[PDB]
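Engineer: Make a model of the complete structure from these sequences and hints.
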Amino acid sequence: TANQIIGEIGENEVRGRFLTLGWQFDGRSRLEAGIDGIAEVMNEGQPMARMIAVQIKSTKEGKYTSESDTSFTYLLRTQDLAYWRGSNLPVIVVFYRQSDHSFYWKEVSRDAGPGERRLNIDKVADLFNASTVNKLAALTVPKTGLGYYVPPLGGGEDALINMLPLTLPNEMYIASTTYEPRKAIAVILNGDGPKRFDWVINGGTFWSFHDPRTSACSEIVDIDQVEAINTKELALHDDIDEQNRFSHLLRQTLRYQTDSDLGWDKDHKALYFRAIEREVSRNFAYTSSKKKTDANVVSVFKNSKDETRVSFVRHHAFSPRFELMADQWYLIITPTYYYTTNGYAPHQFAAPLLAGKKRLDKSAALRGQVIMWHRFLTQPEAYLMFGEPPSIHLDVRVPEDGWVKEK
Amino acid sequence: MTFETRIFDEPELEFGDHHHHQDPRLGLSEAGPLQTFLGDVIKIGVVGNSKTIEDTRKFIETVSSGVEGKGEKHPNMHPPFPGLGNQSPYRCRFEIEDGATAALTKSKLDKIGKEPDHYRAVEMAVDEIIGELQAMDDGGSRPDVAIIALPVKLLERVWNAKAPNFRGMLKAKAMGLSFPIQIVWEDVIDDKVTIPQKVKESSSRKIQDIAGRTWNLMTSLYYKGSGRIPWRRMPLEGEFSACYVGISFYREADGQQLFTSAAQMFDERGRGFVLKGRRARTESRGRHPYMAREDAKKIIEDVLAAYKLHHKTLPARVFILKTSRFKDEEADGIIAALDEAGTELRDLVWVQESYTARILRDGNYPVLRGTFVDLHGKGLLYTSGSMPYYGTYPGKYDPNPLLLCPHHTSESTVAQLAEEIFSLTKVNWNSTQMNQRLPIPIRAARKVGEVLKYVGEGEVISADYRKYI
RNA sequence: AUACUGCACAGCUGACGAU
DNA sequence: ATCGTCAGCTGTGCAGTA
Ligand SMILES: [Mg+2]
Numbered sequence: 006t007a008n009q010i011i012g013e014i015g016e017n018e019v020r021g022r023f024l025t026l027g028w029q030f031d032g033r034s035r036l037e038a039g040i041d042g043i044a045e046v047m048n049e050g051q052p053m054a055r056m057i058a059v060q061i062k063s064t065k066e067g068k069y070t071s072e073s074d075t076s077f078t079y080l081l082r083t084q085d086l087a088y089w090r091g092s093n094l095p096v097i098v099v100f101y102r103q104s105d106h107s108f109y110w111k112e113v114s115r116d117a118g119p120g121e122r123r124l125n126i127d128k129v130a131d132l133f134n135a136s137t138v139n140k141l142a143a144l145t146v147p148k149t150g151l152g153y154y155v156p157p158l159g160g161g162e163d164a165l166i167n168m169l170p171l172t173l174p175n176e177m178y179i180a181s182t183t184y185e186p187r188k189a190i191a192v193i194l195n196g197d198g199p200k201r202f203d204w205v206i207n208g209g210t211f212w213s214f215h216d217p218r219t220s221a222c223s224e225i226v227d228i229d230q231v232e233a234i235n236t237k238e239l240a241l242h243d244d245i246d247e248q249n250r251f252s253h254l255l256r257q258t259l260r261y262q263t264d265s266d267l268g269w270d271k272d273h274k275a276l277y278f279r280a281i282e283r284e285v286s287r288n289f290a291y292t293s294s295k296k297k298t299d300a301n302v303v304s305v306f307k308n309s310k311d312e313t314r315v316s317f318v319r320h321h322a323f324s325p326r327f328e329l330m331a332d333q334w335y336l337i338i339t340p341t342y343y344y345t346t347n348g349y350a351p352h353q354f355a356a357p358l359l360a361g362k363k364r365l366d367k368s369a370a371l372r373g374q375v376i377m378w379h380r381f382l383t384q397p398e399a400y401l402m403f404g405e406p407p408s409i410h411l412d413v414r415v416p417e418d419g420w421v422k423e424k
Numbered sequence: 001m002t003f004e005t006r007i008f009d010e011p012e013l014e015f016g017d018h019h020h021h022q023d024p025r026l027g028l029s030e031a032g033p034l035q036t037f038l039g040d041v042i043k044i045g046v047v048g049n050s051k052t053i054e055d056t057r058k059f060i061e062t063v064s065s066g067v068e069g070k071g072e073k074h075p076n077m078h079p080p081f082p083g084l085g086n087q088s089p090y091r092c093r094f095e096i097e098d099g100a101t102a103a104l105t106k107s108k109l110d111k112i113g114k115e116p117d118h119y120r121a122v123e124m125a126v127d128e129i130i131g132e133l134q135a136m137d138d139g140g141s142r143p144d145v146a147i148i149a150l151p152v153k154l155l156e157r158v159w160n161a162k179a180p181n182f183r184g185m186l187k188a189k190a191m192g193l194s195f196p197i198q199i200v201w202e203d204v205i206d207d208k209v210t211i212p213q214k215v216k217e218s219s220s221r222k223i224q225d226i227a228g229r230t231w232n233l234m235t236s237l238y239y240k241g242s243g244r245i246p247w248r249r250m251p252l253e254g255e256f257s258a259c260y261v262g263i264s265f266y267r268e269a270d271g272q273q274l275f276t277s278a279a280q281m282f283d284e285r286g287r288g289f290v291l292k293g294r295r296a297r298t299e300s301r302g303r304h305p306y307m308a309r310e311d312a313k314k315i316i317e318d319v320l321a322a323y324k325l326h327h328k329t330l331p332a333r334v335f336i337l338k339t340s341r342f343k344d345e346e347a348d349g350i351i352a353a354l355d356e357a358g359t360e361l362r363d364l365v366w367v368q369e370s371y372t373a374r375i376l377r378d379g380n381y382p383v384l385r386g387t388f389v390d391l392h393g394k395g396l397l398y399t400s401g402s403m404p405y406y407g408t409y410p411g412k413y414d415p416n417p418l419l420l421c422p423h424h425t426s427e428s429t430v431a432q433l434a435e436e437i438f439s440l441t442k443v444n445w446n447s448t449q450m451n452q453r454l455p456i457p458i459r460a461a462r463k464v465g466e467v468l469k470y471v472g473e474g475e476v477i478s479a480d481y482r483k484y485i
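First to last, the sequence lines map onto chains B and A. Residue numbers 6 to 384, 397 to 424, in the authors' numbering, belong to the letters of the first sequence in order. Residue numbers 1 to 162, 179 to 485, in the authors' numbering, belong to the letters of the second sequence in order.
Derived from the structure by calculation, the hints contain no laboratory data. Note that beta-carbon positions come from the ideal geometry of N, C-alpha and C, so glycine has one too. Just to be clear, a hint being listed does not mean it is correct.
Just the calculated beta-carbon pair ranges, DEER-fashion [claimed, not checked]:
id, chain 1, residue 1, chain 2, residue 2, range
1, B, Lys424, A, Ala352, 54 to 64 Å
2, A, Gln449, B, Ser76, 57 to 67 Å
3, A, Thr2, B, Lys237, 52 to 62 Å
4, A, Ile223, B, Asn288, 42 to 52 Å
5, A, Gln449, B, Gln248, 36 to 46 Å
Structural biologist: Written as structure tokens, this is what we have:
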């Protein structure tokens, strides 16, 4: 016939779809009439003898019963529920649509008093895949009995580390000079030109990377003892105190660079940036590659009891630490919040709402926060540009696809 | 730069009849403890009020027959407690004897309640409790472990509403009795009562439901009373002989003095796992967390002598864990004190709990337990995380992972040592929880230091670990 | 004080720099 | 004897872990 040939196609091809993973499938004899070949779980090719009975059916082509782009239903017979009873192994049923080579399955846990039969397949979340197999594979373990569990089943994932590859300038300038830093700030504060700080006065020496003569730093460097040196020769030291001096140079270097909007930060967390009139941003345009999305970078939330006054204003912040990585300097980013009264004083109470936000939070918002917070950071003397955080490949995959979301 | 990563399987622990399981509760339920008890009864004593003695008896008779856990969402996270009857996990009975019925007097609690000097209230309360316990130990009614469950009335006039502690000097004084003690706040034994907290006096403490407290307290009582260990980490086939030492730090009950701490464990011949402390106090030299030379040398001499006394042979490998920086001030002393005794292998790992960088993955869940990344020598290891067994994440935020910094004198690679301490984290005899984060020698040394913080000079310390958890 | 994790705050030790 | 940068150490506390 025709549909018999379609069915004998479908059983072999769903055998292959089971065979694309470690999910060894076996056939059945001729006279059964109600259950087909049986699937056995193996992790990484190693068996542990967990069984699932599978029943095959297949069509050729066309729109199914009430078929949509996300869901489609089906009808089931009446005399098969006795064998579809939730026996020692669950009876997963599968259907084939040949046109897009789709193998549909829906969960069969246990029939009960309703006896609704039928089937309620959806297109996206109930298809044969290598991504949602743990939810597929967590069926034979019953609710009763403890100690039974199934490990993660194959697959992989690429995670990332919150790090910034910075692009440092090639050269910087060393200058031996007078005007000790308290006198230096006392003479540089009353200025209207480029009184910009990117130096450390240590042992009466300047160690700047921008031109000291061609700015408002002319009086500190004077008119002589100005030279240039490449950064690579003096980057490596045997003295850890000198490495701490270079870290001081790096921090004061960025203190120029990250003084973009409202920097010049007093705590160990930098980036106090904000707005001027409404104290909101609604910014950091993350264009991505399929759509752009915006998030409340600077947030204003009114108190519950009184609504006409702004309770607290929210900003974002991070703490750099300047760890070199085998003669290579990266910036370590540690995100944190910044509740503020109006922009200049710490808030009276804002801790239990941050803890409440963290209580309903996940780690999904953290990673998304880091990527949107670097999408702005990639964009005169300051380069103000940064690279891309590295990504790593995990041997195992988290079984969250087989679990329910937290709250 | 591309960073290599590693995933370690969840370790399995030893139990009775050569069993191996990764869950202490299930490992006790299927197999029983690693060492059984020749006797069949464990005697319990109660100190406190008459109502507290009553509800302690009610707690024992309530959990004797078995009490179920919590909701059905995570059956592997809250297993039922099968009681102390025919199918006991410990295979022993737990009885309260009639001679240990220490009831306090309301006149004394009115007396101490007076708070002219808060310090003398704590001292005289603890001295009277320890005197009564000593009077109980003298007679022919010696218990095995004493529940000294405090009442709300005494504690609220000594801890919150008045600043010394209670547990510290209390266990510092309960040191000559031939049985340990266990403090039980009144909420554990009676769940109807609600005890308010100190600072947020409107708010109050929240606890577990019934059976998790039952599991933890029953395991603690069994280990304290019998002295036979419930479980130990399974040794690997064809592995060398090893010895684990840990070093922690503390500050005394004064302004500017730091006194350090240590702990030690190894294995026995047949089936066992010792875990002790030291009988000698540690003095102070400065305020940085440092070790000098003679302190580290005598620590190594003590641990090697205690191994040699038990196994009749020196160990082949020494594993040391610290908390502050492994510098050359004490590493020379450690290495010299090892090479005078001929031990070949040597590992020295600084543990950092103070980092500033994490690892970010797709989805709403963080990385699993035991995820390893190698930062060119640094060994960043997530000793907590999601669970394929508990089925969820037991927490709120991203966990702070351990940072392994092996000393350059160490022998093994950074990936083997992290797997070793990953096996070592779950040897906490305080509770049956799986999500341990710090390793057990650092935890034990922290407990020893917290007890020794308030010990008066000239008092003999006990190496028995039952007086510490 | 039946355990454990995260937030928030305050203090002290060794190599750094000044009026 | 304080002060930014530095990296880290301990002390003493409050939610609930799905
Ligand atoms: Mg305890």
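Engineer: So, for every hint listed, does it hold in this structure?
Structural biologist: For each hint, the structure was consulted:
1. B:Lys424 x A:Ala352: 54 to 64 Å: holds (56 Å)
2. A:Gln449 x B:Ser76: 57 to 67 Å: violated (42 Å)
3. A:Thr2 x B:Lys237: 52 to 62 Å: violated (23 Å)
4. A:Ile223 x B:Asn288: 42 to 52 Å: Roughly 45 Å apart at Cβ, these two residues keep to the hinted range, so it holds.
5. A:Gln449 x B:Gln248: 36 to 46 Å: holds (41 Å)
Checked against the numbered hints given earlier, the structure breaks hints 2, 3 and satisfies all the rest.
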